[PDB]
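Take a look at this single chain, the form solved without this ligand, given in structure tokens.
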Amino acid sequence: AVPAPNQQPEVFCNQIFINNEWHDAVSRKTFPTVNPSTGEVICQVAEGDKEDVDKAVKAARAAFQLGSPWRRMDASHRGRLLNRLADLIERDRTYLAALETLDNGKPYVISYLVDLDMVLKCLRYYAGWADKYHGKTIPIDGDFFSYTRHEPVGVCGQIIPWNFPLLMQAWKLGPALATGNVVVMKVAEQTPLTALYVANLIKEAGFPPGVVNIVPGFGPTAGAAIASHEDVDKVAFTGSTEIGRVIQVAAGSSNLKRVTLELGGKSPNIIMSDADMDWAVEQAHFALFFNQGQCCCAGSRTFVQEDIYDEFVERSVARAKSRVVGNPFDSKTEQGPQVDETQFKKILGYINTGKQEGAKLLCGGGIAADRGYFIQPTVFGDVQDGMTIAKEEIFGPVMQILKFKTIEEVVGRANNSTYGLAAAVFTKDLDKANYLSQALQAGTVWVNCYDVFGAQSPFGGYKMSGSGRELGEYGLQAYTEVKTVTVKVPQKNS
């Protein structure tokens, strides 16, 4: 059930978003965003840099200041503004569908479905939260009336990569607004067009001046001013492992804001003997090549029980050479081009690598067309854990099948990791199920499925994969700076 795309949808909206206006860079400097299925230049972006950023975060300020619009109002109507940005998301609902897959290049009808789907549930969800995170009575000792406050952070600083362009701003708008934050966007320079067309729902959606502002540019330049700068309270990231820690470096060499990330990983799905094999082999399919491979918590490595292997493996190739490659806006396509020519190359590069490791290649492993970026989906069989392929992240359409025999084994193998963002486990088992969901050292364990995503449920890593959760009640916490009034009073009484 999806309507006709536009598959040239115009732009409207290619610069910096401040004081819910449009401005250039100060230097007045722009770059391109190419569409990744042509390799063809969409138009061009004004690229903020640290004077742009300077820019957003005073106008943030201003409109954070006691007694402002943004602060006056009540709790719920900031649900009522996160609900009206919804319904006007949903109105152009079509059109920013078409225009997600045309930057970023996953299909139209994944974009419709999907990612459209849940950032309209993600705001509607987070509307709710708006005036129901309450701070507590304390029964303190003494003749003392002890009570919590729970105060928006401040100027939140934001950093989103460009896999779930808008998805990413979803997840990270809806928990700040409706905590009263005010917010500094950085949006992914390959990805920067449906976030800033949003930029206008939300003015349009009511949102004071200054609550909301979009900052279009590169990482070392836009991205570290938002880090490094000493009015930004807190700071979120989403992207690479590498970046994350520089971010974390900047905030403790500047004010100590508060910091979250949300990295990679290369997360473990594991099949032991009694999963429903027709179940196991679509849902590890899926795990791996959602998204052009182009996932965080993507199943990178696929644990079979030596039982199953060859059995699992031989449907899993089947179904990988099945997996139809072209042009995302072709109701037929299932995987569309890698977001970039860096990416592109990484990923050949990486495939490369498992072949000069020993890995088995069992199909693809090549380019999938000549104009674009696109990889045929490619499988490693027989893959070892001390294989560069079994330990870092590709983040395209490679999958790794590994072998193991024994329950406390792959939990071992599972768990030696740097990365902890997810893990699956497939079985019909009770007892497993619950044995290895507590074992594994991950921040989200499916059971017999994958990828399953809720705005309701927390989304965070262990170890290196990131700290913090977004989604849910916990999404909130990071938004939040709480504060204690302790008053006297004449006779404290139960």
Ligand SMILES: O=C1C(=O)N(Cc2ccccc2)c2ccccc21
The other form holds:
4 protein chains.
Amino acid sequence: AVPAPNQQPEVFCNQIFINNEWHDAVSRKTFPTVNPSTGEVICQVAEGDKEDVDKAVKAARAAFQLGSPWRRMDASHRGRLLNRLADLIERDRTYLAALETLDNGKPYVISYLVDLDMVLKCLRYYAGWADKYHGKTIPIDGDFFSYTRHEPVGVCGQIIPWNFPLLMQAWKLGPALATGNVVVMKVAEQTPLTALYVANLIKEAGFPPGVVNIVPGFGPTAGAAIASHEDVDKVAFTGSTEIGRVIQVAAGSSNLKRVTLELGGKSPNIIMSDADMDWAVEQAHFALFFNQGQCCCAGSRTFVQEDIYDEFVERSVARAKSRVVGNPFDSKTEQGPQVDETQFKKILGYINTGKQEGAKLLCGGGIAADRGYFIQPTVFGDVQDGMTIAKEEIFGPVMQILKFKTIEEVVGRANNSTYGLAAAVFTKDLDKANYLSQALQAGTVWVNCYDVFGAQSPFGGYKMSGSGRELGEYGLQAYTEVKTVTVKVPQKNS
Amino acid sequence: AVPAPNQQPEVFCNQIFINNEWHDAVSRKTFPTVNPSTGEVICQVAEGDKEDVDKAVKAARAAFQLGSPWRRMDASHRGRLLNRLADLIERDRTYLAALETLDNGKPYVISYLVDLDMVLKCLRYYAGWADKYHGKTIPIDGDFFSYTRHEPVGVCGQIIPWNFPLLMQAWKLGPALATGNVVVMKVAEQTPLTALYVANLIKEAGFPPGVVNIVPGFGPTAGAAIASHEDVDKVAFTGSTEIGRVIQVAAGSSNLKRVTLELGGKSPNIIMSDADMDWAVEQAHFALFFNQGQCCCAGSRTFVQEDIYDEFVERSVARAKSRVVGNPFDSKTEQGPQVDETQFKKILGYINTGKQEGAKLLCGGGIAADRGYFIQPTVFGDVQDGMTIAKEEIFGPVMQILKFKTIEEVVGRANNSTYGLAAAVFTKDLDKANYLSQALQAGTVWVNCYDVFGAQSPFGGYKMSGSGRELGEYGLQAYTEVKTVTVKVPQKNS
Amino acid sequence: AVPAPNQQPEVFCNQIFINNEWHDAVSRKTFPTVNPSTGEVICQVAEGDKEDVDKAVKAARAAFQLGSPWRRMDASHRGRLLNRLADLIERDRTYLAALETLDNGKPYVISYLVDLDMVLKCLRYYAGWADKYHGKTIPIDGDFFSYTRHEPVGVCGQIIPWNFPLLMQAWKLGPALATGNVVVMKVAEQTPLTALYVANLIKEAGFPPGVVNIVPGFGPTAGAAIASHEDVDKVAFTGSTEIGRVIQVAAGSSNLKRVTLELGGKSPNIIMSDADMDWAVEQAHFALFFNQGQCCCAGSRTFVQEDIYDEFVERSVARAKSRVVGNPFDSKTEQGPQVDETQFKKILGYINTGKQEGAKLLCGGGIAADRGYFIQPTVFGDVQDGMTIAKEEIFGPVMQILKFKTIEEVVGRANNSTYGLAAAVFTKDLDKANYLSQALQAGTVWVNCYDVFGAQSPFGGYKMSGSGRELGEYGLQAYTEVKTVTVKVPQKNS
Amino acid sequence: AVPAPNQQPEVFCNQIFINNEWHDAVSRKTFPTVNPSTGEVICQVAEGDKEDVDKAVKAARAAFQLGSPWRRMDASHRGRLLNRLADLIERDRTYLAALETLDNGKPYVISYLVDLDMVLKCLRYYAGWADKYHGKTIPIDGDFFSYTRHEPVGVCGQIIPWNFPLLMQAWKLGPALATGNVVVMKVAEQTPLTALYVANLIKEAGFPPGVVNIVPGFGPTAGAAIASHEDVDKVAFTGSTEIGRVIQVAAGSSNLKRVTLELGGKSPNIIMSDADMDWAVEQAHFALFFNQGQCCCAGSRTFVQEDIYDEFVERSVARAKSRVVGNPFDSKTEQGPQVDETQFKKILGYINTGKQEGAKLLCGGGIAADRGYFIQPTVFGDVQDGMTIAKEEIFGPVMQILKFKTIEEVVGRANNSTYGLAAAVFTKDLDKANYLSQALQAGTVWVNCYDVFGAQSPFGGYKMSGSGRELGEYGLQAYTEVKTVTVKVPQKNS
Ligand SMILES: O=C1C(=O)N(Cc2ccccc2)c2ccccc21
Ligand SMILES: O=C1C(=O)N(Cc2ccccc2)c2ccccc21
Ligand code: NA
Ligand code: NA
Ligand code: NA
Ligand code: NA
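After the form solved without this ligand, can we look at the form solved in complex with this ligand?
Shown next: the complete complex, the earlier chain at its head.
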């Protein structure tokens, strides 16, 4: 059911992509990109700066010209070009699953079955929207005819993160291009390969010159350049809440460009006593350990009800110690390395403070190999709301288990965060599921599951987890501008 | 707290309504409407036949004419009129509720608080839609601009039944008038009175003449004249499954007019073992005995799981025996009389048929008063699928209780029926409520409740319970005609 | 962009198509299908009837069983099967554009570049709708949670005409399968071949057995068997009016199956004094002479304003004589023959009836070749409303030009007609296009163009040209059954 | 016919409105609001600071608590409450108009017939939306049922300007309250009077306490206090760019709250050649001078074709010259005074800068009156692009007239302002209509009319002019939080 991977794939693209050609930086500066399993360097990558972002934007501003072949083309053809791009990604599935694992470190089995599959369904879901987002004819008062046009907002700066580098890419390109925009994309320094290669596939799909430009570089230079740029019409950022504050400040101190954001979470997974014990344990484990725990809506607060707390813990611990950490290309590996040096140390430091503040280390706690950035699956029990490990997104394989008495208690506690990206309820009981699904403050609630995304279901956050929505039809709003036309007519008849 | 009803309200409106003016029938014929509590004549009503229907349709067509006040009026204003109409019905709420009880027989208290409240809410809900039913601007291939207009269908023939006279009038006028149509209404000869007094309010509210015309009379005459009329663009019938067939034929025979039907049902009410026993009993009883059993969506097939069957039956019988039958102007009464002698005899026959086929009579099953049309609340136990009473709609205070073992069994048993209006499920388990709400072939699935309609939420039949939908946004579709305008433009840009 | 055709291409498919397998009739009868260029028998095709249809429905029913492969399949997958089909038809597009031109009669060039291009656009448009036709969540009164599900209607009997036998097939199958219904299709006896080959691509595409089915034959037996089947949920019929009335009666007398119909037309094309003379002239010509005059919205009433009547008429008569008539496989040819001899003689009888009534035959006349069914492009001048060639659907290469004086005049003259499928308006003025496009009683109004369809923009008939719509989001409405689920929840909070 | 004014209306409310009750500030300070038609301080108004904004916010948060009267109300009831409010405003229509004119400058015949007309239509339209904004059920892959809830975004801080006081209050409360939010409102220091009277009606209508809260104060203080609160979920600014780019920074600096904006513009009113002259002149004259020229999308870049400039410009000055200035309570008065001193000398400051660098002054010139902030209607001609008068928004009765040649030319010129809130196109010809509306960058494009706002049609600007739209179905998005619930089910069917 899963083909073999090439474990040392050839890197073809490592430059700034503009007008469908390859560029070295103005400054000529470069940066190495590392393989988190061994810690070794994979290759050098073009470090895009202030003025390389300025270049990317002009080739994009020109792709968006009234009369240009992109502004003119049929909406259903923009679909045809999206579908084409997914056909070719499907063709190079193995190589793209392998390359993602080499630079990101996720198990190869997941790259192929999870990432790239959801890459395919997403792109093919937006292809079919290309010619289906309607404006309105509006029965205004008086002798007028009025109607709306959902036009493209224009040149869209997209800054994407390192955890799901292909899936984030497609989540951003999905709607932008479906709706006729053009995109200046900044890839994460950590994982910039897979994205640049798809830029070759964006060429071969048939996308006009400058529809898509991709600028590798650092946050404080490239990232902040796009956010400040006086001719960029919109900027979408996913990543830490810290860094989102700089993105919304620059966007106000520039050109009143629209903003969207998808920041972290401390998402509660709430297990009522009537849950299916066995289902809830495999799902709470998956909800936190998935993708090495580098998940914006990782279930990092596992709230369990007292009547069942002890059995749940003992099982979670057992499941945690039996999780295989190892070579992400090996078929049996359930957990690969963290993403870089910086994340490795950050996590160890959280584990440290979990220990300092009196949480019960129940397994793991340590470095899981001699080479790479592998951390042991770690579970803390008896966690209290006031502990640092119960307020801050670790973004690693560290589970926190909290005990609750009543449903009115757990709702107040669960909802007691600066974040609200996601939450989940486990229960067999209909009133319970309904009360909680309504009372919880989260962009997405899951009932008897976790991380169930489809390209169809919208996704975003409340509070300081972000604003606006990705996936589904809602994803289209923030990439659309509304124009109203109101025409005097001889005599309005119903 | 309901005000004190005048038990003999005066009748001010007993003629044909055309062009905001009152008329005798061309033949000057009248028929008597009866009080089913007493069996005595309230008054004589004008008998509309073909000539009168043709007059009404002509008035209606004249009002639909391009450049008429009704066609030039702003859509927001159609909404003001419905709000004004709603406020006049509230002003006169005490009289109408007394008149409904007099003519139809339902308890004054139910008429005041259930029926009259739903009329106001339905009319208020549709007042809001009037300027909110958008067409679409469509992203079509080539250098064209394309858009839809939701234009009214035109002259709408509406035929309303007798079980809920005022409410049915609002469910048909509400969505027809909000979209800008004009109506010719046939009200039932058992209960024409409330509808003619509302026509009086229609005029006060300011509706241009000919927008609503109402013809009291008989069905095989006035009702068929509407269905066969060459200048009627649409017919909405609610009534017996048998007459609905006649309505769809005449419409095929005449001018291919549009059709939506609401017909009878034999709705399943399903009760699992883990349902809250006392809530289920009180609801099941209401589901069947409401409005004297005279409900298209009546829970006339109460399946009950074997572990709780005995206790359920014993409780259900008890509440059946304490249900109070008598004068509907008295606040102690929960059940007035059936609407007329025909339905009376029909129900008397259906109970005898019950006894013949081997259903167990557990209470009632005979006559309750020496005058009027009162029948005792009847319960039949150990009912089997093959029994005539399990298969055909009595439309009376006669409960059928059947027994089942597994959830899967009862899905096929509930569904195997040519009717599919509504259904209900009583349980506490999330999974079972979803399984069954998915599997039942019914236009409405109530979970742990029954007879809960919103002005906001669609209602209608599967199979031979009908086609088309009533209330919500969906109620507007069958009253709208789509026009596509496709203009050549110089050069299409996104 | 046009290949070369095998002009007696191998017929692999001429039987009944049930469960992705082929069959003879239960009677073992057959009938011939004729080439309209030559009149010779292309092959035999099995003659289905009540018996076979009854076997199709029973396969369609079983593929629609709850828990079947087609029912449980993801919504996104139905889209993949449709998109695949489009890819297969594109791979046999050359064999199909030829076999279309062969059996129907139209010019290979028009067959390949118009028909199949639209067929591919149709199928890929509807592919995308598959996972996009949302139900709603509804903020009802009280402590309830209320939502709707858009569910398939079931087994849909589909009956298609001979004038666009591929495209008509695609217009029906697209919507039906995207929303997951099962089909029992009767095809035209004059053009069954194409529909049958596409079925083999349906199997090859991977659609489960019993999902899409086909029964070639004669309407007065098989056609009407689909129409009256106790277990067909829906009968879409395209064709004449007379048959549509028969259909709507067959539904009324049987299981109350829903019904949409696409029927005839006498569409007006209206030239204002300030139109673009050359464009208008060339568009008017195509508007009637497209597909040998066998289009439902053929602009078969050309209204011309009096200041330009003379100027317009000569050009049109000149343009009509210039129109090459010959073998459709040739490339000089702009017009091929009529579909069969029954129409051949009908149109001839219409042309006599024209001269006889005093219309000025201005060019053309009768037969245009001594083999096949070829007729001369024919213009009648000075035409009047009371003339049979201005009221009845000729369905052939006969123009009609009529003089008007005022915009108020032509409104009334264009509407005064029992059909309402399409109309067109030619003008440079803004107020005039708006005045006319509002005031014309047509399901589609084209402005400075004609015949501009697309899977996107909806199509259907006012009055007696149809009920219900095809194409766009509107097509899905007829193929969906709406279900309301209303759930009692603990406490409703906004 | 317009009811008799009260030239010096009584004043009742001048304090801070919190929890349905009145309060003076913490510092107990006040300030003056001027009758700008004389210049005499009308009355004193509590000067609000940060700490009173923090009391309103706490009052709103309590009102927004799960289980509170507001959060548990039926969506339909909120609609009932908005309609109630509109009925209270309508009963007081005479007096509110008078109070508005007093503190604002605008003529009584506009305050009553237009501003208040628009207030009423807006509230009533939104009352209709209260229970019709639906979420979605979504056909996701796998055995899940996924659905979206459209939830209140939360505590919304609402700052409105002085140029259309009451209306702008109406545009904010309507959508926000229909969707169940709670309001913290900062009215203008210049015009706090009307907007504070409405709160008294809000109490009377019966809105629970803290749903709406209103704080008169300062731009440097109150404005940024709301913008920076850690408990304000969302803030909507309406004003100018300078002031609007502070709001975007302080919101990010606080808690990443949602921001919608409405800002200034330099709206281009393009009069074409083949257009009508009587209508264009009168309307182009309407586009700017309305409401004493204090008008965000006022038309001040008038591109005339060089076939008509002279003859167009001729009539343009006469009407402008003849435009009456005077007492705002005299029915012949079209134009009133400006609202404050700053604007007065600033508008005079704008005048000077024009002629300086080549601009012909055609009438008015300067100060209209001895007493007040009045201004004679000034008009310029010969204006070129790069001047102060054709780049910066004057917000006063000061017309600019420019000149163009070809149709491609004027586009680029029209699309060269750092703004784009509205635009217009006076033409007769369909193509010039469809082209110019299709390629002008603007939120609204009025054709042959100007300042046509329906309560139904969305309204907001391109680029720097604003984010999101106000009015229409798009007004509700800003006030809505989207939650997805995704439930595991037994077996997903279609
Ligand atoms: O935790 C996450 C996650 O954040 N994303 C993507 C995402 C990115 C930003 C915001 C929300 C979701 C995922 C996709 C698949 C499985 C788990 C997850
Ligand atoms: O010209 C305008 C205008 O700009 N506004 C308000 C507005 C505010 C911000 C953005 C756009 C319009 C108006 C309100 C009423 C009547 C005329 C007008
Ligand atoms: Na790395
Ligand atoms: Na009666
Ligand atoms: Na043939
Ligand atoms: Na004054």
